[PDB]
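Okay, so here's just one chain, in structure tokens, the form deposited in one PDB entry.
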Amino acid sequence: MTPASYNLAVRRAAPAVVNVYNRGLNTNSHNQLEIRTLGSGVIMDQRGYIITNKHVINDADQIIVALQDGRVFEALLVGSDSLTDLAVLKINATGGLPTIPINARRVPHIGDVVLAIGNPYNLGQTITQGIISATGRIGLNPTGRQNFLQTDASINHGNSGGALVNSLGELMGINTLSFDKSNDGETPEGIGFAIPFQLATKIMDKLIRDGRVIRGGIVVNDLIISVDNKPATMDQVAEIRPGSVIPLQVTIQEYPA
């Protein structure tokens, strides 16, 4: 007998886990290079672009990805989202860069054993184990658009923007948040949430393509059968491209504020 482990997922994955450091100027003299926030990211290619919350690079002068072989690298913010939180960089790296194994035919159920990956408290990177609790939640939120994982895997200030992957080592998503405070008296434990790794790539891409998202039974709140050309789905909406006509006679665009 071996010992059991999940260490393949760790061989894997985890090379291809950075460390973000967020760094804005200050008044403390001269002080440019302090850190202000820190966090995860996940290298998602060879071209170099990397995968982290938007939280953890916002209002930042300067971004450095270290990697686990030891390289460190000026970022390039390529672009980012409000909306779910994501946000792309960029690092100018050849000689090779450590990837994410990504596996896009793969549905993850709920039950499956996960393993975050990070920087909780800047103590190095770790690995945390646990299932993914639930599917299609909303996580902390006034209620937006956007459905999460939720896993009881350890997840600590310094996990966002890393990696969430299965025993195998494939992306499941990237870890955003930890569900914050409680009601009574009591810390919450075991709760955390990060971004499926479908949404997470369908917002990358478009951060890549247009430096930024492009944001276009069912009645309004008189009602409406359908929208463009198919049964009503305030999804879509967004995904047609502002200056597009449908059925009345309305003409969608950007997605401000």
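In this text, rigid core is short for the largest set of C-alphas that superpose within 1.5 Å between two forms. Numbering follows the first chain given and starts at 1. Compared with the form deposited in another entry:
- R137 is the only residue from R137, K90, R106, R71 whose Cα shifts by 2 Å or more between the two forms, the rigid core being superposed.
- Taking the rigid core as fixed, one finds a CA shift for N26 of 2 Å or more between the two forms.
- Once the cores line up, the CA of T128 ends up less than 2 angstroms apart between the two forms.
- Once both forms are fitted on their core, the CA shift for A60 between the two forms remains under 2 Å.
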Given for the second form:
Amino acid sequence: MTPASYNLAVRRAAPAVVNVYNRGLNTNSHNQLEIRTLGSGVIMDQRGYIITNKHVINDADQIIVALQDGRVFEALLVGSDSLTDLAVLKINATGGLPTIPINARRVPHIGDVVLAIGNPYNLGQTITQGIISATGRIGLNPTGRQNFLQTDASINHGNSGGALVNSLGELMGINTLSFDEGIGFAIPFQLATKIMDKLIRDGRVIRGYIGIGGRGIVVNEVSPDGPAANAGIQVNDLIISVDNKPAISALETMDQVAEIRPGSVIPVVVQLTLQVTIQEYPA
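Having seen the form deposited in one PDB entry, I'd like the form deposited in another entry now, please.
Excluded here are partners and other molecules; the one chain stands alone.
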């Protein structure tokens, strides 16, 4: 017979999970480059773009990336995002690079078997398995850990920034050491992809803000003094059209707003059409 195994997922995806090293110049008294932090990362494509955790590369003076095939490269930071604890690096790829399998049409399901791939510097590349416990949201509106992907695969320091893949080796998400026990989190791959593209284009993730709450949609708390204030909007009414389409849920409405570029003026129903200019999510 054939022993049950997830080796196919490993062979397919593991070569694209790298070791990421944050090194500093003022870490020791002799001003010699020294490791301050370690982590994992995922090569996204052949141009040399790698996704890792922001907390892994914070304040580094030199970022080194090491691959399983032995190659070592210095990486450049292209940008980071505190809300997702994601950062994007850029290595100068010569001779081709291994890249993570991705299936943009695949829809992750609660209960899908998942493998967490991390290259802890304390024990070599490691793999652990669990399942997807909650799928998380892929929109740009920040809502906290409860909306990241959750899994019971062991996620720890030698995993963080590494990959979460299904049994086919396809990228399900980017492992991230906690947020907000026995449960780990990851940024859904669909959001991790959107964030990387935004970080390459602009050097930061620009989100659309409107300062409103609720749960038609009832404006529960909308007095952040943001845009919703400097326009037609009371602290106790019900909005209808987010812009030109129904405002079912608050969550599924803050995502539309997040994608709206700052400076844009849109029509917020409530039926006195009061226009508002979207701002850039607070620092």
